[PDB]
Amino acid sequence: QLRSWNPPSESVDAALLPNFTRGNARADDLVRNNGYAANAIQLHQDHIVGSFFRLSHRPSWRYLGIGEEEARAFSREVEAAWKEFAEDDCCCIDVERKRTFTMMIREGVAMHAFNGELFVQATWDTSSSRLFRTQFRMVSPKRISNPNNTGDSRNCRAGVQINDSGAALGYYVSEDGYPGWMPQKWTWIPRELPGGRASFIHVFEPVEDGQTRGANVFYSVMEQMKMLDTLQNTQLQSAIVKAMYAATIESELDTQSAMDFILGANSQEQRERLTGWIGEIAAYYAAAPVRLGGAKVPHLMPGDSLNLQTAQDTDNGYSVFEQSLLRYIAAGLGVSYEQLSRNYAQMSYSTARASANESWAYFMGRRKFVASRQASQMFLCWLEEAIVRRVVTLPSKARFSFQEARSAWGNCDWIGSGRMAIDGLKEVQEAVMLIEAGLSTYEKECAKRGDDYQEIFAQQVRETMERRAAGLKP
Amino acid sequence: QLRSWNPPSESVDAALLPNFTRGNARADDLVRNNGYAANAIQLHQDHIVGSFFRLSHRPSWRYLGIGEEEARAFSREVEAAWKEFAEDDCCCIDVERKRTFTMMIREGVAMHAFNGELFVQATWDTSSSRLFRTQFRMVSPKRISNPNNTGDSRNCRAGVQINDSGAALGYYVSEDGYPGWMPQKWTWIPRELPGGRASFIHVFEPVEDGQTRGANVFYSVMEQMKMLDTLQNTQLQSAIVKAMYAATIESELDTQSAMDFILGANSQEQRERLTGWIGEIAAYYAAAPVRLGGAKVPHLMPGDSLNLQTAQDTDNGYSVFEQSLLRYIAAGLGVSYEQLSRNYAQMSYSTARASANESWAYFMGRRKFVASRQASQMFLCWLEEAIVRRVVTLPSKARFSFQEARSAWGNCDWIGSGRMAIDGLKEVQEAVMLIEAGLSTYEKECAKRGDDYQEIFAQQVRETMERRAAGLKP
Amino acid sequence: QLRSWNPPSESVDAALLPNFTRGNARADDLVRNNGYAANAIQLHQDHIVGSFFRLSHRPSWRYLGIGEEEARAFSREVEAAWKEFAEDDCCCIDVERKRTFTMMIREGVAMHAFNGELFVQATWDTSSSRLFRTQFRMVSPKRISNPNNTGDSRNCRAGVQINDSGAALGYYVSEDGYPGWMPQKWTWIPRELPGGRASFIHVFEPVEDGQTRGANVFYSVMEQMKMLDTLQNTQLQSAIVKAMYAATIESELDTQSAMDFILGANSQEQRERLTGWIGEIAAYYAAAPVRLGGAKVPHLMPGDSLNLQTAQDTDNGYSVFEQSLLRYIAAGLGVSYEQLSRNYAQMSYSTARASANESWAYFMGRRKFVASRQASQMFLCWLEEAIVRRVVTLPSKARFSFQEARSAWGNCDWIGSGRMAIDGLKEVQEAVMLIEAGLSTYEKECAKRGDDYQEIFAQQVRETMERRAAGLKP
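So the protein lines, in turn, are chains b2, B2 and b1.
Going by the entry's author numbering, the first sequence opens with residue 34, and the numbers climb by one from there.
Going by the entry's author numbering, the second sequence opens with residue 34, and the numbers climb by one from there.
Going by the entry's author numbering, the third sequence opens with residue 34, and the numbers climb by one from there.
Derived by calculation from the structure, the hints in this document are not laboratory data.
Careful: at least some of the hints might be erroneous.
Since the list gives no way to pick one copy over another, a pair counts as held whenever it fits inside one copy or between any two copies.
As the list claims (entries may be wrong) - Straight-line Cα separation of at most 30 Å, DSSO-like style, residue types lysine-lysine; simulated pairs:
#1 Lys329 to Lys259
#2 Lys459 to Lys175
#3 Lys506 to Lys175
#4 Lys477 to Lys459
#5 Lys506 to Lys459
#6 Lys477 to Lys131
#7 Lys259 to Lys175
#8 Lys218 to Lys175
#9 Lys401 to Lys275
#10 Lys275 to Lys259
For reference, chain b2 alone in the conformation it holds in the complex:
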């Protein structure tokens, strides 16, 4: 059996680049048409990032030798600039001016999930109408290709130029080709600016050394979606044919040897027999109208009888079939089966919680490794621009300048939508015991609930002093 299957060994790029375009096209097709694909990418959307994506700046004051309170004041100021820069109504952060930062992260993560990678370009606007001239534009991966669709080489594969070590030196971005009446042109974009500023950002997850383009997850399930739909159509046709109404009027006649003799006679000169019998039958059944259903039952030839036998006549087993399928696609896509297919039948509380736990662990992994990095990239660019314009002020006793210690100044962590309770009470008690018994601290409790404890404390103070100012019990 196994002797009939000898797949060759090639590097990941060797096994991916030749069919990269068709794979991306098929992934887009499933995303656009298939319902489950849209559902799954949608769960990825509202769970990796969720409703909002809040920043929290955590400068490494110890490394920079900066007073901790000074670092806290600096972080407060940079956050003050940042949120008002991010959620601007004008969408000025986007050069295209239709998306804000939250759906920036959303589009990025969904784009990576369904294509394997994401590309962001940071541009320096010239308009002075805004304090910040740094804007961002997403580049769809299909716009990244070799110029003139030339064959790839050692240092030029799939539109990205590499060095000896495989590091990306730059990219070839193709302009829009819509409508198909103009020839696409490719522009060379260096990966980063000479000053170290990240002009272009490419974020994806590699599985081995030398991989240059990410692989969408759908590569493992496309076939399964196909047997799924084909199962749908064939089961529909089974239902259709299961209600077939076969009914006919027939006459036995056809007198065997005399049937052959009558056939010979009719062929010779005796078609009159057949014609007269047909006429008599027509007259009789036009006097009759035997209408079994809504129509006249057809009349058949002498010796001709309708025969429609079928295949196996048992239960098809559709239920367990598509159960196994949906389970397969759910496993391939890394999300729990029940939430993918919203089939919560006979499900226990503990078991549902465990499944949600597994999916949540996967989801935090992806959020940490995909959304966080890209968000940190834009944050670094914007903070560099802000310090350039002195919107914020560095500490006077800074051990290093911003350029030397970009990571140190820019050390930031992002909080998305928290884990939302299955039941509420049990996890609330969890937080209460954790915070009271010393195994936990308020910041992470607000983190898994999608909050920050600073403004929480400030608002609690305000609530208390208002309540006591109004005579209410604090």
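Starting from the known structure of chain b2, arrange chains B2 and b1 on it as the hints suggest.
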């Protein structure tokens, strides 16, 4: 039975090296295409290490005879350097610069899982743009082979050079072969530098003396995956064939002996007996359209009736069978059946905890024996570089230098994504009872939650004096 | 029945040695290719040993007449040396230099489980780069054989040399035979050094007097694995044949006596009838295309009908039979059915924990009798080396020297992976109830959890004083 099965006895390498390449290729195909393979590798990916892999430096001050507080201060300093070195935005730890340390470990453990081994190379960069010039590049196992694909020898087996005892003196690494238009070129790399610094790290699990290359786990379950997909295809085929529908109009005539007489007449001179008769049929049905549905019933020869007989007519037994194969796969891969299969029916709480326990024990075993060793090697190299540059200062009265006692100075333990709650109350009660009863110490319960007690205490102190500074109840 | 079964009575060695090689080969094939065998081996690995194997030195100060506090200080010193010697990153304890002590014990236990025995060789290195020159290397049992494959004698059996009483005087170890182009050469290794130092260690479990080689457990289940595999294959074939579909176009003709007459005519000179009928049928059905699906329906000669009959049309009982085989395998392998096969269906808490308890008692027995003995041997060798180099210091008033009382000084016990909780609360209640009720002491509570009371007390003290130094509630 047993008399027909007489497998010979050979050394593990003798039974693995000849088919090593095809085995790795088959495993790569399985993970790339099959959904369950991807789900299993992802489960390994997020359970062995998970979201993040935090270091804890525990120098053996007693062996070195160093004051414990001095050791703690040194550990704090080296950790402060290490975090800012590891999660750098620039990905400067990677030679090629796409990956940070956490995905370094993740890719390493995944490669070990689906290939049986992993290879890391430490390079000394010449660029002064960064404080640390030590960079890391992984090598796929497929790039390790004998130069020019020469015949295997005693001291040169699959690209690794061994001594008389078999110790890995060095390796032969092949260059990238994409595109396939150039001869590959092999480089000799010594295992370690002359100064004892680990230049090349090879991490795998050996099962016996003399094994030189690891074996992927899938080697136990490949044919089971194949019978699985063949089951999918044949069950689909059954679904199609059981909706099959046949409907034909036939006439008998042909009274055996009369059939033979008609055959003789038609062969001699009377073909017009049939064609004209057919025409007569073709006449009437022109006005018939006897439509079962949207189609037209085909007509048959006289005495020719379709007979579609079939095989057994009972239940295929799909539901038990594919479940059994899924259990086989989970047993082979060392993970619980429900997590891999994403099947959670009738799944009791206590037995859910039992499955989680088995999987968790396996995961901690592999994390200790695979990820921890690689991380320790990486950390040792970086620490050597840091001491070289005096970024961190050794204790003045140290009993031994760093070179003499590299293990003593670099004694470190890593905490990853800890075991996370199944019910919430039960495990938190465990923690509180254990801490209050004296059977536990804060750090290890922080560890199974993926925290450390030191920064937790510091953050609790900060929360406390912030709250008392704002008038809140402490 | 019983009259057809008269097995002869021979000694265990007489019934094992002739087929020992092929038995080991078959066991190796089973573990390499079958998933269940690998799962059972991995279970043995995880539970018998676990993540780590921690030493605890318990010198018999009473027998040696030494002050108990002096014994405690000595044990602390030797333990401090032992940990830093054992888990060294360089793997210097291993001659082959890939394995640390923990996976050494794991290799030993798995080796014994799947082969019935294990062999360790302690070598005295000459390199001064390390303080300890004692290294260890494992010897595969297949490397232990009579020189030149000569027939076994009274005092020479399977490469071992026995005295009059059967005690192992020495061994014959064969060199590696890979690649198979060299002739194997056998070396004589004395069991122990002239000074009583254990040069070579052979660990196995004997069932009767005179047994020289251990027998792997798999001997009891091999053919059961085999009919399990055949069951899988035949169930697959049943699934395929159950979707088999036969549908062709037939006729009757065959006019009995006139059929024979037509046969005679065609044989003599009248094949024209058959040829013309075939041509007419082909033309008509090329005008017809009567297709069941996307395929054309085949045709047959007159009087020829496809006749297929299966056999029986009942359930195969696959599920229950497979459960029976799995339970058989688990019983033969000493593990519970539900962990080997990961079947926690409809399983109660109490019943599951009882079965786990049975398996755990089995596993404690093996850990005591297999891993502990080998670990003690290696520890004794290392301790002898350490005393030789005065790394540690014996008590001044020692009643006996180290050589005279090796067991007394080296009395040690090893703690592996602790008992793993099923529910959490109940076992923690057990611990607290025993500890405050006076029926238990802290070390055994730390034992079924894999800790020790000394360092846990030290850590609790450190935590308490840190918390009091930070103003936290102690």
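Results of checking the hints against the structure:
no., hint, in the structure
1, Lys329 to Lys259, "between (41 Å within a copy, 25 Å between copies)"
2, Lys459 to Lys175, "neither (47 Å within a copy, 50 Å between copies)"
3, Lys506 to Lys175, "neither (62 Å within a copy, 57 Å between copies)"
4, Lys477 to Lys459, "both (17 Å within a copy, 20 Å between copies)"
5, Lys506 to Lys459, "both (28 Å within a copy, 24 Å between copies)"
6, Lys477 to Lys131, "between (33 Å within a copy, 29 Å between copies)"
7, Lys259 to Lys175, "within (24 Å within a copy, 33 Å between copies)"
8, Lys218 to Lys175, "within (13 Å within a copy, 33 Å between copies)"
9, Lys401 to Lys275, "neither (52 Å within a copy, 48 Å between copies)"
10, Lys275 to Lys259, "both (24 Å within a copy, 19 Å between copies)"
Of the hints listed earlier, those the structure fails to meet are numbers 2, 3, 9, in rising order.
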